[PDB]
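Shown here is one chain on its own, the form deposited in one PDB entry, set out as structure tokens.
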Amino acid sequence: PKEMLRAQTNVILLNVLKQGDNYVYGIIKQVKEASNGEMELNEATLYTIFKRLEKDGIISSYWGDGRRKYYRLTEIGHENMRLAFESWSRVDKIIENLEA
């Protein structure tokens, strides 16, 4: 379901940036490693997602002295990531009680 793989890739990328500013190929490398090789993200996919995140002010970009484009989680981005993690944490516990 396209809308769901989009949400998953979004959460992964934001967690990569949570650990530190990074550039596209460094991100793709980290995600391939952490996924045991089963997630090879495409460059153009990152650009598509990063354009929406930059527009929404969740991330921003800057140049790093050949010159790579780096991305950073903004202050809003960090705060939104925290709200998401906490709200979905509640969802996780709700599902736990339903099953018991």
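Throughout, rigid core stands for the largest set of C-alpha atoms superposing within 1.5 Å between the two forms. Numbering follows the first chain given and starts at 1. Residues that one form lacks are left out of the comparison. First, how it differs from the form deposited in another entry.
- Taking the rigid core as fixed, one finds a CA shift for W88 of 2 Å or more between the two forms.
- After superposition on the rigid core, the sole stretch of at least three consecutive residues with Cα shifts of 2 Å or more between the two forms is 86-100.
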The other form holds:
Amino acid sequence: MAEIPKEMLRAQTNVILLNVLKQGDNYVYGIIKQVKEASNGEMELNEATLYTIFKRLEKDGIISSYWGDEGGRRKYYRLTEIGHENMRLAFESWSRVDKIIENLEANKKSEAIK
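To test you: the structure above is the form deposited in one PDB entry. What is the structure of the form deposited in another entry?
If you are looking for partners or other molecules, they are not here, because only the chain is given.
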């Protein structure tokens, strides 16, 4: 079928959460709240989905966590320096993909004239 597959869906959630963190260190609750506001109430993530994703991100060295303060202590997550680098390299990589796509279209268009 044509539906967005679970690998692309996971890639999409990833990008959103990594962009939340890129704006500022945040705790799970705050993160979910921010995404809900930014999706106009339509994307309200399950905290378990964040924990699943953060597990792997933390394991990969892309985010880390630390405790806030108190009435009660919060766990903050943060984009690491390698996280930030990764995001830049991914922007650049995919920007090159887009140029290759651009060129495939241009060559098709130009070879049709000729």
